[PDB]
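The complex is shown incomplete by one protein chain, all other protein chains being positioned as in the whole.
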Amino acid sequence: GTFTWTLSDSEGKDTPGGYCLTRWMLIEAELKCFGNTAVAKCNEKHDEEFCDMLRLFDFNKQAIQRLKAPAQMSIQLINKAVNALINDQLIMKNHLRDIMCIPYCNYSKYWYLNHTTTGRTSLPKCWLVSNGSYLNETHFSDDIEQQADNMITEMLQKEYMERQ
Amino acid sequence: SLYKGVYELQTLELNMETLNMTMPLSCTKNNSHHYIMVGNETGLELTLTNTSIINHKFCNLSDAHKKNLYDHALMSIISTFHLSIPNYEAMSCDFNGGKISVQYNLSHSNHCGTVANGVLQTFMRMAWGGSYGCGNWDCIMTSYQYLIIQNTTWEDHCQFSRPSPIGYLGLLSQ
Amino acid sequence: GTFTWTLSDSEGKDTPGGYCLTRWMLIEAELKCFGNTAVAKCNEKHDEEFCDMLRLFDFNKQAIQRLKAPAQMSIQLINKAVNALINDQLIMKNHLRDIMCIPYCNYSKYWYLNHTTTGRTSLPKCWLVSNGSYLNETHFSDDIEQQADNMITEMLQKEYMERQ
Amino acid sequence: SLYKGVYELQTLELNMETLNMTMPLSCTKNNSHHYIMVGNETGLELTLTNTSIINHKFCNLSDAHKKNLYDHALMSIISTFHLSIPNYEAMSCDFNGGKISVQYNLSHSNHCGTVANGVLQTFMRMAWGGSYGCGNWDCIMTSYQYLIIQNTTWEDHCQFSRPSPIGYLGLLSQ
Amino acid sequence: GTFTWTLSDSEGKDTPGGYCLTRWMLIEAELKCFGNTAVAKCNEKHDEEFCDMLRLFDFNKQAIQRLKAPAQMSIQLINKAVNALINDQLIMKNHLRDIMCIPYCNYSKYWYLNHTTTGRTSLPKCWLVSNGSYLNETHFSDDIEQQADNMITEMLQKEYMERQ
Partner (left out) sequence: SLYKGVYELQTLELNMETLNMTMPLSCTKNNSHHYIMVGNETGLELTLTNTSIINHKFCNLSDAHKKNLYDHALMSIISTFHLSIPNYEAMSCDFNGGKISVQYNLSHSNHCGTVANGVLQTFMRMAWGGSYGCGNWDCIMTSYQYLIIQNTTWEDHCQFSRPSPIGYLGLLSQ
């Protein structure tokens, strides 16, 4: 019950921890699961494209399972629900970046770091595009490394405080 | 590729098609065709042409619901597009039978400020695709004279893009 | 002056610390005060029903004390102020949960943990309802315990860093 | 009840009645009656009936402010309710004298898409109470033919609920 | 690349770290630069007037440099972009405070602490006004000191964890 970003309050207790995306939810991929700590970051972050997409999937799951009603789109339901589920500022910033020919997120692919042998995952970040294609890791090599360092720092700080 | 010795860079790609049951998805084929899809059965094509389908100089939109309408979802989507456009009545509409369609007259005299642009801008906003000469978007124009909105069937319409709820949702946010 | 969630900047300096709710503000209860640390969490949290209610009371107090004007409702004032004071997303999520028959907050009662002999309080969370009644602590026992552990962790981390 | 040995679970309940001086509070009595209250003196009842109060086929709403209106707060609340409803003129209004009242005709031919539902949905939204068969809320209907909005006095109207600012505020947010 | 509050993703790599405001951006002042750590706070803070102003300047810079188009105001661009760049709640709270004759931020001057010999800076906070003039540091002496203590605490906590 460490996830507040979700609509219902059940989701966390079912999977042992973390949050899983099944095969059907992914393109050309098998089941992937992210650590509880990283997923829980969406509870407070109010600036991440991944978290909003994650929330839409959670919503969709609930709508399908909860509404016994014929599965017609309830347009009224979406029009009502979107204000609660989506951060419109992210939508507009990516729209704005596209307008100004600045690399931006088009909500496709997400890139994350995975610490070898431990399977420790960062929360995924959006893989930016410009001029009809994706940007190379070379352009944003620096950001990739910043995330690696952020993960290292958390690991060490935890060890020190656990040791205390 | 290991960063700082131990962190592998790994990728994830989302399948947004699974969201088709609750929200419309926008997917494009090329600069002339954008497609909005509902569920696994229907949708509307948005297309740019130099020909017409409607010979009317008027839009019978309110009559489309006065008559029992053909699909609340589609009428809602069409209305949303129209409501977004700032107005001016440069629109003709048919809505006769199950085949529902609307046509906009993208006419102008300098084009800056016309509703024809309001239509073009909304059209592009509805389906970003990859949006590919970095000028201002504010007063733009295209070569096509007309915009057609028409019902269609569940086939193809996904090239240079994949279905995404973002277009529709973005307009709701506006 | 550790509270930024308030409208005026005076509120904290008056009571020794923390924030108090008088008898008149509570149902069938006497004065209750919460610790400064917990109250201050509302400065950054943007997802808590309790904090928005707390803010409305603070607003109300200021409107009554500040406006010398006949106490008519200024509808225009509320219509103007609400956008700043209330997180509409919380309102809509609880509305949505009700629609989908998912337990939700109806802004009534709030449940908190109190560490014995020290009086250390968590910030209160909303007590959910469904099908005309309140949910038992059994259904959300897990969340209650998560909060207890969160409080324990903070206590220990503080002791260790204070010791350093 | 001590969690982890030392944490007592303790409860708090808010008195929202103290907010009556600055914002309207919504409180219900049953499925036929919802009450909106102002200050410590007045308010409006919202009720579902199968009888009528207004014999008009028209609403003299603008005339209600043309004439010096009877209370800006109440006119504002009434207007807000009406503005929320998507439109269609299935409303009749009196507003003659201090007793102000409005009546909606909840008429329909399949009911999905009617303004009668827009009214029913807004009505319920305005006063959640405890909202108690998990179907879609989008196209719903009730047994009552009419909705009456009328001034009233400061008595009772709180059963299965307590006064709360949430209903009103939620509509402002929309 | 530690700044996410910006529109483009380049801004951080250019200046060695931190964020600089040139002479042209300041009134009666020469170049000033703030530390990276403090600036980065705007990535998560959703309640600070300084951060929104900072963002407008960043936007302006990009619009001028990126748009090759004649520099006419694109009103449509601003009307579109503002929703993403400005926290309207701050605008409304200051508006509300002014209405109620409560000291408020009018987005003019900002006050910060600077640790001597190290040049360590807090993120600036808005200097409030009321009744046609600025408030004295005496009225908000307490807040100034709270910030000084917050900086001290961070310094010490870092030293202890670095030592671990």
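Should a chain be cited, it is by its letter among A, B, C, D and E, assigned in written order, with residues numbered from 1 in that chain.
In the analysis below, a contact is a pair of C-beta atoms (placed from the backbone, for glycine too) under 8 Å apart; a residue touches a chain by one contact, two chains touch by 3 or more.
Participant: Touch as defined at the start, partner being the missing chain; which of E:20, E:38, E:113 or E:161 qualifies?
Facilitator: E:113
Participant: Contacts of chain D with the missing chain: which residues?
Facilitator: For chain D, the residues touching the absent chain are 65, 68-69, 72.
Participant: Just checking the interface: what residues of chain C touch the absent partner chain?
Facilitator: For chain C, the residues touching the absent chain are 66-69, 72, 74-77.
Participant: Residue-wise, where is chain B in contact with the chain that is not depicted?
Facilitator: For chain B, the residues touching the absent chain are 110, 112-113.
Keep this in mind: only the chains that are shown with their structure count from here on.
Participant: How many angstrom lie between the centres of chain C and chain D, each centre taken as the mean Cα position?
Facilitator: So the centre of chain C lies 27 Å away from the centre of chain D.
Participant: Quick check: what residues of chain C touch more than one other chain, meaning two or more?
Facilitator: Touching at least two other chains: 44, 46, 63, 77, 83, 88, 92, 95, 99-101, 164.
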